[PDB]
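Participant: Given these sequences and hints, build the entire structure.
There are 2 protein chains.
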Amino acid sequence: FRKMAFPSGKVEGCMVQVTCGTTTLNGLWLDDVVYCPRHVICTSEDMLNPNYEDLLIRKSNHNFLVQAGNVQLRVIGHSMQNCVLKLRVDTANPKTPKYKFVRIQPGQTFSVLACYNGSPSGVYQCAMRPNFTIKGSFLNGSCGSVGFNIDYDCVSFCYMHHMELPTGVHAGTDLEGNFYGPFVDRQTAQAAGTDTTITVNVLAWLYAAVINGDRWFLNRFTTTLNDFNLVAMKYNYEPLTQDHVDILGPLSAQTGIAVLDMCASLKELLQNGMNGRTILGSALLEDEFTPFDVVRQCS
Amino acid sequence: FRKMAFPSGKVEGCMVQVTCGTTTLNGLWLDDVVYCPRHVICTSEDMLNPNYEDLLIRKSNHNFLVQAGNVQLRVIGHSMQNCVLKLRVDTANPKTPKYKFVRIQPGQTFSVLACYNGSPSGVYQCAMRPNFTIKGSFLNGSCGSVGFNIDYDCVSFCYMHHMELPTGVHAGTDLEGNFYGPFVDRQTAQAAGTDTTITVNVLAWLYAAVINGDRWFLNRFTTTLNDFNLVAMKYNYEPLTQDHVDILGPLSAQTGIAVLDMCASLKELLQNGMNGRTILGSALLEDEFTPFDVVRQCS
Ligand SMILES: *[C@@](O)(CO)[C@H](C[C@@H]1CCNC1=O)NC(=O)[C@H](CC(C)C)NC(=O)c1cc2c(OC)cccc2[nH]1
Ligand SMILES: *[C@@](O)(CO)[C@H](C[C@@H]1CCNC1=O)NC(=O)[C@H](CC(C)C)NC(=O)c1cc2c(OC)cccc2[nH]1
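In order, the protein sequence lines correspond to chains A and B. When you line the first sequence up against full-length UniProt numbering, it's residues 3266 to 3564, in that order. When you line the second sequence up against full-length UniProt numbering, it's residues 3266 to 3564, in that order.
Just so you know, the hints here were simulated from the structure itself, not pulled from any lab data. Any given hint could be a false lead.
It does not matter which identical chain is meant; a pair holds if it fits inside one copy or across any two.
Claimed, not checked - Computed list of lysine to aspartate or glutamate pairs in DMTMM-like fashion (alpha-carbon distance at most 25 Å, straight line): (1) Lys3365 to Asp3319; (2) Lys3360 to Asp3296; (3) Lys3351 to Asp3296; (4) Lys3400 to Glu3553; (5) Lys3351 to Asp3439; (6) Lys3324 to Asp3311; (7) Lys3532 to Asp3439; (8) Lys3532 to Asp3460; (9) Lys3363 to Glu3503; (10) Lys3400 to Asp3460; (11) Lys3360 to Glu3318; (12) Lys3268 to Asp3416; (13) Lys3363 to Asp3311; (14) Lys3268 to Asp3479; (15) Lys3324 to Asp3297; (16) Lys3268 to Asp3297; (17) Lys3499 to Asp3511; (18) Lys3532 to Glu3318; (19) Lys3324 to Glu3310; (20) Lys3360 to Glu3429.
Facilitator: Have a look at this one:
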């Protein structure tokens, strides 16, 4: 198994660049609106402690340079929604895919299309950590790059890139401008909360192992969900939600291993370790594959 | 620092479905030619030992059903180049990018666009192993998926997918239809030569780790090129040439770490193990980033 991104073409056709003064970043052109991080309106000095409502009043439509390639799109309106700017343009993007804006939960994976000056550069899979950071690869100029999943040609946009933490992980918003995690779009050193292991994804990994005949860790025990969650937290694992239990349903049906039976197997792994053995060839338990990712790659 | 694929949009617009009888796979549509694996002409019985020229002479243009999305393309002629079939169609692909066919060297990387029934499914980075396999993710119906690099809007196609070895690694051809490695397009269980580790890539990856702020594996020792190669060959690593040393020049200049100093670090990692520590999140030495991959991503 390996990290597989979605084909990026439907998103590539939506990337533009947005410039205010000398500040340039990326934007997302869907129908006749361009979405981008609101800090494009900031001068490099104003980012240190910005007042976005006051900064935005000083701006007019003609202050915004939106370019598809080197072709300018005329801006006819502007508004701010949380930390994203919405620029109405006079052309509906003919490459707009079927799309949705969704806000994901920790553990969910998505593809990131890293972009610079409106030009796509590369694509890779990320997982939203429980501390609401992602382990990306982003340089200067990457803000406004988006993350997405594609289901039956419908693109669900879930991430817009804003910041690199001092630890080198990355933080951002959904496409309604609401940050994931406790971060703010100011030029300031911010720290995420201590991270945890994504339990639902580790369980997905164990199901993947079972699907492939690697099942030594299956045990004779079961557990209640509450009992499991209390043990999980003492090993820095996330507690399971009812939604986690339900997204494991398909894999549980496919293998015949009840979710709570797999929880009891993981619990034993947590208290006694792998004892020198491997699962799917690895000595480490992987927590960046969702149940959907496993089904995607196994079936 | 992440395994990063090229944006796949320019290739997505070229993927089609090719069907001959009950056999279907993917094809690559460029200008007015569709390229696909020639075993699409084989029935299940033919595939055990196909005499391809004999089988192709018996097919007509209308035996080939080519579908692009929903629209059917009419085949107006066909020729065979080694293991690749070239179907001339009566419509030019309007989305054909600037492109080239290239045969890549062992150790080089490329992006794979995995496709099923002519529809792109996922994108990820692969390296051509020294034993001329690739460690990919391909399921039933993935034949004809292609591997590629992109440089300033020009797509260099280097791989077309044909088979999965019993070990789970993958084998295929260049776009001239010549296999990488000693493999043959027949339905038999085929073994590869013993694989070795791409030494220059491991070194590039260690430099990537240093550029990203990890230095724990460095040491105060040096080695000569030949003494390093002696230990490298002992551990089934490929020899490091003076060309490799020169290619690593920029990464050494960026970090101020002499190439042979980093060879001494790798020598220690090989002789001492990693001791449960990790480099860029990996518990194993990674050899599928080239020096260019590191430079392109880190800057
Ligand atoms: C954008 O592209 C801005 O348009 C940029 C993306 C990062 C640059 C390097 N890698 C990236 O991911 N984002 C920023 O520069 C943001 C801008 C804010 C949200 C207005 N700032 C940071 O990410 C940032 C600031 C500071 C900092 O200060 C002082 C100290 C430490 C870390 C840090 N990150
Ligand atoms: C294609 O898609 C065929 O159109 C298919 C791709 C593989 C299927 C599973 N994963 C893949 O990557 N390729 C094949 O099925 C090829 C067909 C050849 C080129 C005619 N065959 C194999 O990959 C193959 C055959 C055998 C085998 O026999 C007997 C025994 C063991 C392994 C094996 N692999």
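Participant: Tell me the numbers of any earlier hints that the structure contravenes, in ascending order.
Facilitator: 1, 7, 9, 11, 13, 16, 18, 20
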